[PDB]
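J.: Residues per chain are reported as follows:
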Amino acid sequence: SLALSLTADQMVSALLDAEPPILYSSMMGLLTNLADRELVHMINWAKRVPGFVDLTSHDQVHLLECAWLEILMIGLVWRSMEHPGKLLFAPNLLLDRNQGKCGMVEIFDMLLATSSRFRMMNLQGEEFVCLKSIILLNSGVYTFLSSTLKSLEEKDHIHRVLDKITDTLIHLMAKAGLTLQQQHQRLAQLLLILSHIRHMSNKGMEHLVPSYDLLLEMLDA
Amino acid sequence: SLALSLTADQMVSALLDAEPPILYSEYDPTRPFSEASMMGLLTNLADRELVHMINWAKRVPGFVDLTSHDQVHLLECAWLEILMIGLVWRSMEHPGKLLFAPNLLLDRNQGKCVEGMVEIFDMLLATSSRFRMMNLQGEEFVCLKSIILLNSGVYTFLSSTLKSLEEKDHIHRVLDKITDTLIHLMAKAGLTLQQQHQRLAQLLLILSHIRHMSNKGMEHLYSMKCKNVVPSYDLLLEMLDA
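Residue numbers (the UniProt record's numbering), protein chains in the order written: chain A, 305 to 329, 341 to 417, 420 to 525, 534 to 546; chain B, 305 to 546.
Among these hints, one or two may not hold up.
EDC-like cross-link-like pairs, simulated, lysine to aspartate or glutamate; straight-line CA separation at most 20 Å [unchecked claim]: (1) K520/A with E423/B; (2) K520/B with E380/A; (3) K520/B with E523/A; (4) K520/A with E423/A; (5) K520/A with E542/B; (6) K401/A with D426/A; (7) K520/A with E523/B.
Derived by calculation from the structure, the hints in this document are not laboratory data.
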């Protein structure tokens with residue numbers, strides 16, 4: 305696999321080049348329309364994450380099904396980082412906590430706390446794209462229902478690519494001048510935030534969705 | 305605080321010494337189970353485990369330095385993840401089965417007894433299988449369990465004040481200490497720097513799946529109107545105070 309042969313710098317370059325554009329905008344009507352448009356770009360992005368297209372179509376879809384809302388959320392948090400107290404859904408749709416008032422406010426608050434954490438950590442764009450790719454590969458990897466040799470090979474492949482992204486994160490940190498200790502600490506801090514992003518996605522899903538079949542068709546096209 | 309002064313070896317020792325006991329399910333013969341009776345047994349067991357979890361939490365270095373309020377917030381967010389990771393750990397050497405207790409070892413098909421239970425069973429079994437495939441060690445397990453306790457609720461402190469920022473900072477420092485501890489255990493076991501960082505990542509990424517399982521488990525516990533079976537703020541506070 306070409307993905308497992310990438311250096312840290314090539315992995316970053318490939319991920320930065322794959323980044324979808326920032327899109328423009341009844342509040343739920345506007346968010347829904349925006350999310351719908353974002354989804355098409357997310358599929359194209361996923362196909363460019365090194366390692367992803369090596370998987371069967373079925374496994375690609377499973378991964379997108381599990382990760383789609385976390386991916387939208389982490390993008391939102393990233394866009395909102397420089398706007399304390401506000402969520403930048405789009406450049407023309409910047410909302411503060413009070414506008415979250417319609420259990421919308423609960424999720425708003427969680428998103429704001431994530432943005433605040435990213436800001437306090439001085440999260441870099443290179444780190445962001447790594448984390449977003451981790452979400453895509455990791456979120457669905459533990460819920461593959463299959464026990465065929467193929468499924469075992471797919472899971473192993475995902476874990477190898479995830480290891481590559483870990484190596485990439487550590488490289489970016491060493492280059493930035495962090496000590497070995499600081500490198501491991503920051504890697505941990507970044508990965509632990511992913512647990513909170515999962516939580517937010519689960520709560521978001523309760524409040525609320535692309536089907537397996539819809540995602541498969543979008544991937545095939 | 306003397307938690308931030310511990311070496312990696314003292315952190316491990318303190319965590320190993322804090323481990324709660326393995327409890328038995330009600331000696332309660334009646335088999336096979338109904339949906340109601342299985343949930344009755346799991347609920348009773350979980351209730352009894354909760355008291356020991358609070359005693360355990362109080363012995364996680366750094367935890368008692370936090371206000372009582374923050375301690376409860378953390379336990380509120382983490383309790384089901386902690387029960388689950390314990391279950392997964394106990395089940396590691398029993399492929400295809402969940403060891404709820406030494407006298408309550410269930411296979412996938414017994415999950416079907418409770419509607420919606422089988423999906424979560426399958427998730428738990430997959431986690432046990434991943435731990436087995438990674439050859440997860442006891443010292444690593446206790447570190448991961450303490451991370452869950454300190455991490456799960458840390459991002460949902462409403463934090464207006466300098467005090468809240470000091471509490472969060474303290475938690476993040478203790479979490480950094482547990483990370484250092486995990487890496488130390490790995491270096492001692494002979495892993496290269498690269499292998500150390502990779503394994504740390506692999507372990508922390510499983511925590512996202514444990515969160516997911518907790519969230520799904522919480523839904524199911526509501527969905528079968530067990531609403532007042534999640535421990536209340538007040539219950540957790542009283543258990544902490546005692």
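J.: Would you mind marking each hint as holding or not holding in the structure?
T.: For each hint, the structure was consulted:
| no. | hint | verdict |
| --- | --- | --- |
| 1 | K520/A with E423/B | holds, 18 Å |
| 2 | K520/B with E380/A | holds, 16 Å |
| 3 | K520/B with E523/A | holds, 10 Å |
| 4 | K520/A with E423/A | holds, 9 Å |
| 5 | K520/A with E542/B | violated, 28 Å |
| 6 | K401/A with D426/A | holds, 10 Å |
| 7 | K520/A with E523/B | holds, 10 Å |
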